[PDB]
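For reference, the chain that follows is the form deposited without the partner chain, supplied as structure tokens.
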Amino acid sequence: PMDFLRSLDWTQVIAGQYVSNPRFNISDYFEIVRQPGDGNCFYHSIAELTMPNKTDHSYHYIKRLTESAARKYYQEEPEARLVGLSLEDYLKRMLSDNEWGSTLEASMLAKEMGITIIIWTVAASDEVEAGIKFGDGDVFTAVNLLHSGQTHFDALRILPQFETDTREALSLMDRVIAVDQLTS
């Protein structure tokens, strides 16, 4: 139970990025906090979990931190080689409304916010297909997201019975950083 979560076997495949394939049902360990399927649900899901007063607009802070992270990190992200756009053309697309966030955003955000993000993928049941972890923290301290369908992200909160640590939180400095991007 607690043993199970503590026994997750992560393999690092890319620097700072791991994968695992435990086989367990999301609903045995997590509450799924559903997010609207509007193309911004990656960032809704992160907001849900890092801003204790999240609304339907708070994702703007996460996207702005994604902009901040990109300016610092995109040029050196392996996955940016595949995305291929200049930083400027990428920001334009990434900041467009309803433009999905993905593994590249997760990678940069984990660095910008100094958090560990885990994406748990499922396909037509809630049994996990794979876990993908950005950052070196463990499941109890991570921002846990659920990815389902081809496209959709939801937030996951560890069930109270297993929750341990204090939680990751958008700092006040984060909101300042976020607002800074906006005005520039």
Contents of the next structure:
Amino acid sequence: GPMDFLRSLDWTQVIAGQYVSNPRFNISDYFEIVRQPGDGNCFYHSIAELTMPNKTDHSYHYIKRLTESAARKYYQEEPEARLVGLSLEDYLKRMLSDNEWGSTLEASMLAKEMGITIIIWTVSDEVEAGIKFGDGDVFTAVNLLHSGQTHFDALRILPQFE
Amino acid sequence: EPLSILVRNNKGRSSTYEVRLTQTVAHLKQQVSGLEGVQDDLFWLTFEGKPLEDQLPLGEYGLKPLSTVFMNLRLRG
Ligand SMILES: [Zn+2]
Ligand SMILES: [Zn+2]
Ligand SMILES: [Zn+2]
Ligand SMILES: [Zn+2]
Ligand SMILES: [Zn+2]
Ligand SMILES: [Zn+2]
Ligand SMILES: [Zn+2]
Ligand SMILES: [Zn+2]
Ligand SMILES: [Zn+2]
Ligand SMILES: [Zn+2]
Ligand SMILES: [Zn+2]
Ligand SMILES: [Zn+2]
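Could you drop in the structure for the form solved in complex with the partner chain? We only have the form deposited without the partner chain so far.
All chains and molecules follow, beginning with the one already shown.
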């Protein structure tokens, strides 16, 4: 059909609740890029942008608080926790520090804690992969753009696609 | 006895690796790190929906010739 590409994304299971896709498209053909501050909190700024209506400049602190709560429940069982290599207490001290980069590990934990679905699109703006945490689809997902290997922005589906 | 398996990267490209079932997951990660040019603490592996644990031998997971393992990126920013 016309204009319904996003309705047919194919997600392959990685583990229960995490999926990957490899659609071929340019991000800006389907999404508005909502640019976030370049500081080290950009991951949490991006989540806040898409989950907290009429937010404030540093609404991301609430998301980091939710990350703490999530980590206390889930960190020891996250496969990416093993890559970080820290005890829960040392992880929390690092994670809660100003400007400490967020990641797929916090996305995984926040999807559980908040009940949301998060998709990180990694990229030109030519998509290489989407990685999805949670079982929802792209239309109610928190869509993030990961670019330059080191930066997050928020994405919003363009109106003509719904 | 040596066998070939496949490891699929983020872009969806599979590459072939010669392994032994006695070697560890960690050592397979070192081979994948060399081929893909990504540090071994920036990805983790799965097979058939199960995370692969670094210290365990590959044979604990029932890999067979040309089994596909996923290389799952850790993305930070
Ligand atoms: Zn169509
Ligand atoms: Zn489909
Ligand atoms: Zn498909
Ligand atoms: Zn294109
Ligand atoms: Zn940006
Ligand atoms: Zn900021
Ligand atoms: Zn806004
Ligand atoms: Zn914010
Ligand atoms: Zn400590
Ligand atoms: Zn080794
Ligand atoms: Zn070797
Ligand atoms: Zn190493």
